[PDB]
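Could you slot chains H, F and R with the ligands onto chain Y? The hints should help.
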Amino acid sequence: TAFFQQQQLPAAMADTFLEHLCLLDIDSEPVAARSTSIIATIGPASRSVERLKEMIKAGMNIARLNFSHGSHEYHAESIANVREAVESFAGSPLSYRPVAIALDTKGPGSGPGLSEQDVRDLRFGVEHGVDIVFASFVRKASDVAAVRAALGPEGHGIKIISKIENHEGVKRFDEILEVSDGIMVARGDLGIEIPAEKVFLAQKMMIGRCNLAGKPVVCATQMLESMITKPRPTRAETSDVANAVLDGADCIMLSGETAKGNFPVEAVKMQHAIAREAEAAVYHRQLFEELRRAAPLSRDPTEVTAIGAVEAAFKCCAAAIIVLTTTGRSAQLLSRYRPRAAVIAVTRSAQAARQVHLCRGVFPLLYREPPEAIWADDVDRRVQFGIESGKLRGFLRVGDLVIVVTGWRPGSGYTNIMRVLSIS
Amino acid sequence: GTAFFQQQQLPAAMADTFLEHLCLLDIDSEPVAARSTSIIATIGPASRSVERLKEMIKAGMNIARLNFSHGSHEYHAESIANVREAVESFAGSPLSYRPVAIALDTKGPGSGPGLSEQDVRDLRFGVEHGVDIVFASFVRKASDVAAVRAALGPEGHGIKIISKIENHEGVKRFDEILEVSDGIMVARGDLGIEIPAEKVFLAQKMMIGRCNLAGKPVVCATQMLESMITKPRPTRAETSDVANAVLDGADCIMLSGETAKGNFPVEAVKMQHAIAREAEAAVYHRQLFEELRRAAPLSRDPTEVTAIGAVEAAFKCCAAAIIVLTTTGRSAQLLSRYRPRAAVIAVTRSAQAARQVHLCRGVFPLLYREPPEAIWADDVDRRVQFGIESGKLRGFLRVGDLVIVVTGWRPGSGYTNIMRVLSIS
Amino acid sequence: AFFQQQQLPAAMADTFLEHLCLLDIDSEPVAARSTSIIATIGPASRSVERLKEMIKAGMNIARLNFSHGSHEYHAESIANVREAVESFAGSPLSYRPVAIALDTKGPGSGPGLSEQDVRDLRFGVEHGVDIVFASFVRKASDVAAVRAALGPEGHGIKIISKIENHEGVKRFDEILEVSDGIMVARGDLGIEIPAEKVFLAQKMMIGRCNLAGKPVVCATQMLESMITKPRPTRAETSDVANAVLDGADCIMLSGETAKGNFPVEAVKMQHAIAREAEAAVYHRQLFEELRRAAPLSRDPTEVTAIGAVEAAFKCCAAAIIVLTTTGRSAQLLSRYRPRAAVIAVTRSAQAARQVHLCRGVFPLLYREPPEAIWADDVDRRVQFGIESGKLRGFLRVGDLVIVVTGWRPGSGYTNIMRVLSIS
Amino acid sequence: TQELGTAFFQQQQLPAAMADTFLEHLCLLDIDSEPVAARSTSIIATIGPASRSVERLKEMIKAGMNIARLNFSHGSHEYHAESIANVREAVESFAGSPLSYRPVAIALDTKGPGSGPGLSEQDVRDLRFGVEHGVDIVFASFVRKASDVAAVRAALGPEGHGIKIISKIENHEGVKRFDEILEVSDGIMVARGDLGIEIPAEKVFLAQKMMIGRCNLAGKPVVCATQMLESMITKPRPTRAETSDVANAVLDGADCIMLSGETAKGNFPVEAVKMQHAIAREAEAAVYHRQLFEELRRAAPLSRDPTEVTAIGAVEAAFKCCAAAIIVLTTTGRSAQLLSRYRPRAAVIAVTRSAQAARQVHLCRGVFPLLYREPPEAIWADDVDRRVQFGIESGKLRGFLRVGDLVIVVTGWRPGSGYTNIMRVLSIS
Ligand SMILES: O=S(=O)(c1ccc(O)c(O)c1)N1CCN(S(=O)(=O)c2ccc(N3CCC3)c3nonc23)CC1
Ligand SMILES: O=S(=O)(c1ccc(O)c(O)c1)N1CCN(S(=O)(=O)c2ccc(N3CCC3)c3nonc23)CC1
Ligand SMILES: O=P(O)(O)OC[C@H]1O[C@](O)(COP(=O)(O)O)[C@@H](O)[C@@H]1O
Ligand SMILES: O=P(O)(O)OC[C@H]1O[C@](O)(COP(=O)(O)O)[C@@H](O)[C@@H]1O
Ligand SMILES: O=P(O)(O)OC[C@H]1O[C@](O)(COP(=O)(O)O)[C@@H](O)[C@@H]1O
Ligand SMILES: O=P(O)(O)OC[C@H]1O[C@](O)(COP(=O)(O)O)[C@@H](O)[C@@H]1O
Ligand SMILES: O=C([O-])C(=O)[O-]
Ligand SMILES: O=C([O-])C(=O)[O-]
Ligand SMILES: O=C([O-])C(=O)[O-]
Ligand SMILES: O=C([O-])C(=O)[O-]
Ligand SMILES: [K+]
Ligand SMILES: [K+]
Ligand SMILES: [Mg+2]
Ligand SMILES: [Mg+2]
Ligand SMILES: [Mg+2]
Ligand SMILES: [Mg+2]
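Protein chains in written order, with the numbering used here: chain Y, 1 to 424; chain H, 425 to 849; chain F, 850 to 1272; chain R, 1273 to 1701.
It is worth saying that the hints were derived from the structure and are not from the lab. Please note that a few of the clues may not be correct.
When the alpha-carbon atoms are kept at most 25 Å apart in a straight line, the in silico SDA-like pairs for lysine to any residue are as follows [as the list claims (entries may be wrong)]:
#1 R/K1417 with H/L448
#2 H/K596 with H/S535
#3 H/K565 with H/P578
#4 H/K596 with R/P1287
Chain F stretches covered by chain R per the calculated footprint, using a threshold of three residues with CB under 8 Å from any CB of chain R [unchecked claim]:
#5 1151 to 1162
#6 1257 to 1266
No residue lacks a Cβ here, since even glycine has one placed at the ideal position from N, Cα and C.
Same shape as in the complex, but just chain Y:
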């Protein structure tokens, strides 16, 4: 078939990484959906409702609100505009794309503990329902603990992504990652605190440790910087985006390219285009083998089902792995093994649907329908919802094979079943 010369499949079947590089083809068109999420910073150039709709079409998955600048009234208005542009597509539930809201804090700024503004800003996040928090200048575990105690009673569900932007944060990394929900390689400040020529070492090390831990990792600053004023990026910029994906980053960020630049939609489209190409060029054979050898033995059925499903997906070239999820944990565990198959996550939790964008290859679907009396009937309708959406979005075709990860009883934490299905 033509199939075995599309998503860099000749290069993916190579026996060595050197042979894999030699088999990379510019004419091998990526077919799979773009898995690395795009975080776009919302500013003057992008807070228009009609502009936000354009950005969602372009591939924006997470909207970032930089709390360094702007008032609470400004940020609440930006949030409302994002939600209005997101809900304008809720008329066709088979094509609706959830979009997460992330609050990027100001920072401690030469002081002990959480700054007074950060305490006020985190309460604002709780009161406005932010899905993610990018905690600025995390240096130790206590910093993470402070950002989490700040999310008061009503906000323990918000995902804290610790921003590493100084030498101390890099040295105390393992202790930070243990208590954080993910990490952001905040390259701008990092490139000021540590020598500029050492930042790539910090990026590659942190991405690798995050991949091992199964926790999301974000590449953040100056990725397409020249696109603030120019319609096209530099050769170094497209290389940087592609290399962040190849390193193993779950998310790529635009901050200024979308916040204040002349080409915000073009920067999103560009990051989408590069990410698709870079994801097809990932050497899955070594990546999966190493992921397995490093990942410890688990007696958790969710984790055991995850490798079994990822292995099964590789064996048959599964178009997608469709997993039902309440908290997103099942989808996150599948994501850790970096399958070439899309992780279609079907969920009834609008928050979980937005928060799974932090995990690479997870494509969230929000199930809006009324429940069936028979739980088994309800599970099959949600599985069919993922198939119907996948078909519509081009992820699946009739005749394809899919892996369907489900649980034996309702409620989260009981995933234990994996099925091989033929799309009808």
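Chains H, F and R with the ligands in isolation, oriented as in the chain Y frame:
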């Protein structure tokens, strides 16, 4: 969690290199898993007593070979009846019943091309008596397997044909023979006479490797515990040979003379069982599994896709077993190809499939006798519980263990597609 | 203490994932920078005093873009480069050779060699350029045309084919076979093929070049923001580091040094990043794969090359000193990407300049006249390498070095490898 | 290459050796791929009534005996001295043509401590006998700890400091205290007979494979010892299990294989030697060198010793060109031993003036000793070149080398042992 697990060579199995694996092999690391390599015992004067056969089934005989090179049709029918009587004496407790296959080893073409007249009569005898396997002697080409298949007729279409490679031509035309055969037997006796004796190990290791790749059973035959015909204990070379046949990747090991005419037939079965358990625990699963997958091509067959997914899931949690419901034994055979450390408990209603799956390494067959339940999903769950209960009774499973359960979406063979992680209660 | 620096904990990891996890920002690179820097000479860099501070920063090859400028302008640039290079020839133990590369304008609309290109190639032969960056090579017949235009005298000039269009990428294997090396001309490539596909072309071409043992250059917009700003972007420092990690022998500045406000700063920056990236190379997998892909050879030079590289890894050799006439012996050692330096002691001034195209090869130009006793002349050249290495900080007393030599004079007779202790 | 001929790449299991996986390697094993290289695993033959005849010993040396074992459990000192004299007489009968002379080591296998701790009185007398008679190796029976090896070393005295001590592991304690024994011993013998009595018979293969692996890592010789071709005591042909056992001992990584009873008292002693030689050649060609070498390197620690550094460099160079042999000049045999540790397919040819080193290097797999008799040249470099040419001439005469082949020459920068540091690529003229 589950403290003090220095047993079943787990430190050696977790090594990063094969050299490190060898260095971590421990004589004090006792094997805990059930013996996976089947034992073929040739039935003769020293072993056709019904009470002796009962002793050999307890010792671990899985397949009864009948050497049609000696004995009359009357003698072999009586041997078969004695075997079946000793096998069925344990059918009163179905949770502990062990199926035993009956294989017919032909005399051979001797000095003449094609099937000999006696072989055609002997193959008809096998069909009439209901043998499960046929060890076709002196297979040299694919047309020889076709001749044996034709002699079995229409009724003998379910009988498994294991081609015996015992000459130079059979070794050179191996790939064409394996394609049309159900499995291979490395008939080392005649092979050691046709080709130089110092070259037989190359033929054995090559054929076992190609069989492992193909997913078809391979038998290591002849003189494995030869000194046990007259002595109660084998030589150092003999125990090494049995252990090395298992390490090579052989699905089955054989006794022919040690059990047929010797003074210690039950002791030879017990010895082969003891060595096989030790050798199976010393298999370097890390490289074996990785190489098996890199060589196995991509598959759009749900049975084959579910097989790796289940084997990978079993390795991840150190699953005590992989319980699979099978009609023809194919689902269990596909799991077996990936050589999991977990036991492939294969529950089946087919008494022939139950006997024939002994040719596949690591497949512990169970014969489910109960008639079908009205609700299909309830019948499946009862068969799964039958595997758990048999598994518990036989010491394979304990409460708290994790098992992988391979099932299908509808009745009939060929629809295996589901894998589940269960906790033993 | 030794085991902590030059990313040695990360280099000893058993997996690439474990290698990434062991990368340390406090593990300072100790080795000399192996990836050569090609700096484009323009208005911002043709001053003799500026060229001297560009050689100190780490410029190894001076590029002359024949798209702009007259023959008189380029001859003056050449003279200024040679004047700045020869100003350091007073101390031969510290003298750094600098290659001169001519970048052709290109065929443009023309199917074969353009008239200007034939004139420019003759100019290069007459002026003694070491390298030629042939623009827009699409097939093997294009390389042949450039080779013919160089004539009989230009047979020693290295031809680096620039791949800058779709056809050049598809016909890559036939071009690499007839070329001395390849340049991933990212600028035009990013215009001919989609910008999001250029990294695939770069990584593929670098990989195939590493396998072939032929030099490969990463060329456009590496530190672009340094034309107007004193510091590069996070994407730019990442791009340079990733070009080195991909396996590129040379990194280029074209505009950052040619017309930008910070030409010396761009050279210093590329040097700083390359040292960090070279120490973070996963040598265990790189060497193992290089060996498994490299075919068996009955050539004693090639056989001695792996033997020496393997021996250098075994003892953590500070450097490998090789005596070369044409640079081929040093090039073959370079193919195996050793962590140890490749000190190439040559009497050929052209070979000394041209070996900058090979990663990890540090050229020393021996000038002294030949000794009466052949074995004594060899030992004096070996001692010349040791003395330059000690002076430049590559070697210390107590270190172990691998010494690659031959059994007789003349090129092509390399067959000996020795383990020496620095005294 | 390709221009060495198809017949070259379809022999010595070269298609199977070039496979990318061990499974692919097994699938490419060919019975018609004839071994061409010389047999590298040494054969230790036990000398008894069936083999102490001078003419019989000559037949066994031709068949492939490398080390003669003297079992001190049976026989008197007078009997063993006579056996030694007959061995030396049969060995020296071939010394007329030094380019084809094969050195043969003499090994003393002690009786053992039996039912008592420490060295038995007879063992002290027997060890003194060995020193007085000039034995090259001692197989110390029932070694259980490092202090046992020290006792045997002390009993050999000052003169017996050059005698190699191979500790026999034949009980549970010896297996558990293996690492401390191997550290103080020159090598190990997997004494399977007693081991199969002390530990369960079904566990002996685990002990064998573990000890061989640890010895390969340490670079110290390892011997597989009991019942290898047992049926050949009475029968002219061995069983399928026996030929498999010998082949598997070689594939495990054993430097030496032993005959004890098959050669000592059996009806077919020369036939058992010929059989062990035939199997070893086939098994050596079927060794998967790619994984073996890669793993050996990853486990071997970094070394600042030039002899060790030159050893990998030479072994790697030999694999790259399919070098016919690796000629090394050695005084103590250490240089050849270090090359042997990396298990090259290229036959290591060791040129030495020490007759004891020539005999003792049989303990190292792949080492083919040549005893150089010529007196020293005035010019040191000329003496080295003459010894290198002696290796080439013996190599050509014995069929190891042909004109056109590539060889690797490992030499040193000065006389005296411990100065190996040079590796050269030579073309055979
Ligand atoms: O040893 S290499 O440096 C190399 C080897 C030979 C060459 O010729 C060469 O040019 C480079 N190396 C590159 C990356 N791959 S990879 O398969 O793409 C990969 C595997 C594993 C990774 N983990 C697991 C989670 C991060 C990777 N993260 O980024 N990439 C990863 C492995 C081999
Ligand atoms: O390279 S070896 O010959 C070797 C030999 C001696 C050493 O001291 C050493 O360090 C390496 N070595 C043999 C054993 N395997 S193995 O792990 O046991 C294995 C893996 C894979 C196999 N497939 C996949 C299906 C058959 C094997 N089939 O039989 N065994 C198999 C590893 C490779
Ligand atoms: O019917 P529900 O409550 O949505 O659950 C369907 C199945 O998916 C799961 O909820 C997965 O949830 P989580 O990923 O959040 O752990 C299983 O526990 C459950 O059996
Ligand atoms: O035995 P039933 O009741 O027909 O149930 C079908 C079950 O067995 C299977 O038939 C497996 O059979 P095969 O392995 O012989 O193909 C599956 O479809 C399912 O697990
Ligand atoms: O690298 P090249 O061009 O093959 O030259 C290698 C040569 O180097 C030498 O060491 C130098 O010898 P000369 O300086 O006399 O040419 C020769 O022995 C060997 O042939
Ligand atoms: O293997 P050994 O005993 O350490 O020595 C290797 C020998 O090789 C040599 O080249 C030959 O020297 P000799 O003439 O003293 O034997 C020396 O470097 C060294 O004595
Ligand atoms: O916030 C950021 O992205 C930073 O500091 O680089
Ligand atoms: O059955 C046979 O002939 C054998 O095993 O050699
Ligand atoms: O010519 C070049 O180098 C380019 O276009 O990048
Ligand atoms: O002496 C021996 O060989 C033994 O005991 O095994
Ligand atoms: K901020
Ligand atoms: K140009
Ligand atoms: Mg910041
Ligand atoms: Mg037969
Ligand atoms: Mg151009
Ligand atoms: Mg003993």
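Against the structure, the hints:
| no. | hint | result |
| --- | --- | --- |
| 1 | R/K1417 with H/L448 | holds (20 Å) |
| 2 | H/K596 with H/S535 | holds (20 Å) |
| 3 | H/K565 with H/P578 | holds (22 Å) |
| 4 | H/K596 with R/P1287 | holds (16 Å) |
| 5 | 1151 to 1162 | holds (count 8) |
| 6 | 1257 to 1266 | holds (count 3) |
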